[PDB]
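The chain below stands alone, shown as structure tokens; this is the form deposited in one PDB entry.
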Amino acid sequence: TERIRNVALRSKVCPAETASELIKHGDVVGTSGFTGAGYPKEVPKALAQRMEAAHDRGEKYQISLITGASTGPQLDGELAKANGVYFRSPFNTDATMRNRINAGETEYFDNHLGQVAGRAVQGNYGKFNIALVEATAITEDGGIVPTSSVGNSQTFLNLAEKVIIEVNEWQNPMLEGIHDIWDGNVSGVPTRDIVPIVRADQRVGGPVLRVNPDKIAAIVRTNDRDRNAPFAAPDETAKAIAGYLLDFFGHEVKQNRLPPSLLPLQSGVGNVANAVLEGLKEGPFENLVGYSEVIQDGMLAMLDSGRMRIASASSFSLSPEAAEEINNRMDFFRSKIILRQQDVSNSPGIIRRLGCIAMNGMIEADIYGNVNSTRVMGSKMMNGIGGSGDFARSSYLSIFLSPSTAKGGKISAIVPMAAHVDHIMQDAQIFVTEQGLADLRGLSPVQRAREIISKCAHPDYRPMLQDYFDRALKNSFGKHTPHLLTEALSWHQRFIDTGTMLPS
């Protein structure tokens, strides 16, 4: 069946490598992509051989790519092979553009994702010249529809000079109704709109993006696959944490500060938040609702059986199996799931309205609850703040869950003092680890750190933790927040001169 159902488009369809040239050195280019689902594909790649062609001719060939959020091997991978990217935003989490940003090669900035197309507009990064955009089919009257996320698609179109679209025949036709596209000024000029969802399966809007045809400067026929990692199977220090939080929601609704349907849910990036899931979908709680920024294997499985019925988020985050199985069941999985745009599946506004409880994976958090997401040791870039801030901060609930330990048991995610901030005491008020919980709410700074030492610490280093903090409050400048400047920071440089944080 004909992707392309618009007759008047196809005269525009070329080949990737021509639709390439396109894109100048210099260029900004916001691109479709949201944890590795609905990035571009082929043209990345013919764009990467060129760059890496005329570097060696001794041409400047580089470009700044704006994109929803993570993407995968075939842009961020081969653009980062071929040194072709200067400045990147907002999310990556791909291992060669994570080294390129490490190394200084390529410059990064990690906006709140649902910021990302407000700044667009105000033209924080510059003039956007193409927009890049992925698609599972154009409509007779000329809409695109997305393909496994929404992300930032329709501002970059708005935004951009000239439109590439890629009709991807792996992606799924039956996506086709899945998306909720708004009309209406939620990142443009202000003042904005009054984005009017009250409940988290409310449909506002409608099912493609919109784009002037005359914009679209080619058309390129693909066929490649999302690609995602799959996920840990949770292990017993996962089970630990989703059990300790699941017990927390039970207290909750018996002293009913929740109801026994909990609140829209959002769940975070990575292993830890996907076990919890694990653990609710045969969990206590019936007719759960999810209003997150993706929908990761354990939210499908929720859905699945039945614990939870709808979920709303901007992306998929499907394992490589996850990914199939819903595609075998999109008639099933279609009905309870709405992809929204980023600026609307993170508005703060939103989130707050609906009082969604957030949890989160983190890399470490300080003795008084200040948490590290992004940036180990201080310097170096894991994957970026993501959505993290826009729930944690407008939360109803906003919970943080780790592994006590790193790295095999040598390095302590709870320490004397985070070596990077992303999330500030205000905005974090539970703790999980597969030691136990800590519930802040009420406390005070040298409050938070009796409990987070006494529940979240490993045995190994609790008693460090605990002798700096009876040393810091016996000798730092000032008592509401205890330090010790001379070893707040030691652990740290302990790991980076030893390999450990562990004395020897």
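Superpose the two forms; the largest set of C-alphas matching within 1.5 Å is the rigid core. Positions refer to the first chain, counted from 1. First, how it differs from the form deposited in another entry.
Just one of 220, 211, 160, 300 moves its Cα by 2 Å or more between these two forms on a rigid core overlay, and this residue is 300.
With the core superposed, residue 428 shows a C-alpha displacement below 2 Å between these two forms. When the rigid core is held fixed, the Cα atom of residue 269 travels 2 angstroms or more between these two forms.
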The other form holds:
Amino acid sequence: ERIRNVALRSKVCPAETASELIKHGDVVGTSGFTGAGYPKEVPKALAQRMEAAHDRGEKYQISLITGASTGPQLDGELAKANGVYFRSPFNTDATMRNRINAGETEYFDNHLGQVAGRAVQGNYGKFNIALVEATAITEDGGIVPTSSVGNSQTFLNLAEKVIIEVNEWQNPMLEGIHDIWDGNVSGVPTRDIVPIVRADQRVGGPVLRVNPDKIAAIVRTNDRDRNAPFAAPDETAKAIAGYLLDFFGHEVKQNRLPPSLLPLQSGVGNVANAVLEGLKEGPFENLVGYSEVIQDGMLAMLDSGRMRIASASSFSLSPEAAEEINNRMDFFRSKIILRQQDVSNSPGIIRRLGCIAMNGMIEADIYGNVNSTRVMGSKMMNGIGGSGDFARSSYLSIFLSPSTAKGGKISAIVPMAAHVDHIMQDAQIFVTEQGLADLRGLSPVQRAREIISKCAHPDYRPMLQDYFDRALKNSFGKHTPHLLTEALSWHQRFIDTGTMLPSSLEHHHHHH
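Go ahead and give the structure of the form deposited in another entry, now that the form deposited in one PDB entry is out.
Since only the chain itself is given, any partners or molecules it might have are not part of what comes next.
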């Protein structure tokens, strides 16, 4: 039995009935972070009822605040139903992305570590509903989270009414892996000192806490998380990982990093996977993770002993890795700590531990300002996520990307970024399959010489050099040279023609 508090068993009801508690206009806070631990059955039932209402000319939309990304059963179903008027802080569902980019869903991608605090401040309004997925409910009414913690404790505190989905698909032995603190991290100032001085340090307990009188419904479910396929490293990712690992090796030999490096933050996807595979094969020992996510390559390193501990707010695992950790949850439970995201993404803690931040990007300009979010400056991809939390607070901020996109028709290094998420001050190292730019100690013009020479693709470097050269001669000021007449012209060229590469039918200064 998953509901070990007898009194709360009387609140069990079907998903459809529970969804009726959610009203048009409501602000709904849910569990869910990197496709893990989001509610599934109540959102599906809600979406059906939303569509039915819309067909009869009746409005039915919610504001949806999450930990971070969810999955098809939540963002997907609600976006299909056109049921979300406002969304925050981070989405990866393609249907929801389309609603955002059509202006049908208003969106703001907050720094992930800040969301709980802004919720408590009231920026999203009054929370009507918290809808949270659970592994179990304990004897004294504690709520055991599932494959992520995210913002769930904050949403439970704020919401007028609470709905719990108890998912028997989630492994019972997840109980104990979470660390939930009752301290003031995101409440009213003055906040508490968050006393974390080791990545493996627990400060709290294993359960979310909530007044049982606020629980309006409990729904028994049995459904899987998103679990994206493993993105196998291609040669581009492998080259990027190779330059990065060589760099780490050099930092260690110059005593600027310990042989155990520092606590590591990375993502998911191709490049991160290549980096984790390189770390598994590399000369470094006693590694530590202090990140947003646990991904596949870590289980390997936790099992071998290459990595000693991994701190995160969520799992981001493939189907095969998901089965590996479930068959051995009692081992991995001792190696992993899942934290509230306002703790995993706490700038104070990230700086104190001296994390190495490794993040992706859409593009960077020649001065090393970074766009993480908005294609051509206007079309949302996913969101800033925790990349700003980590980039700004880290001991070392590293951005990694293929040097081109769209089969070479887009350069990831541009004269000016069409949107900025990370300013120059927040980015010290850039890595592409072309090489690694170490920007420490450099002015913007010096940053440009390094980025253009080390990171840019051969197809675009002469164009970049031409822009920079002419900017140096003609720019209003020469501290960060620009030609405002063409700074964004590569982006407009892409919009117009589908490529940033110029045609020989017209003049271009780099052909000559």
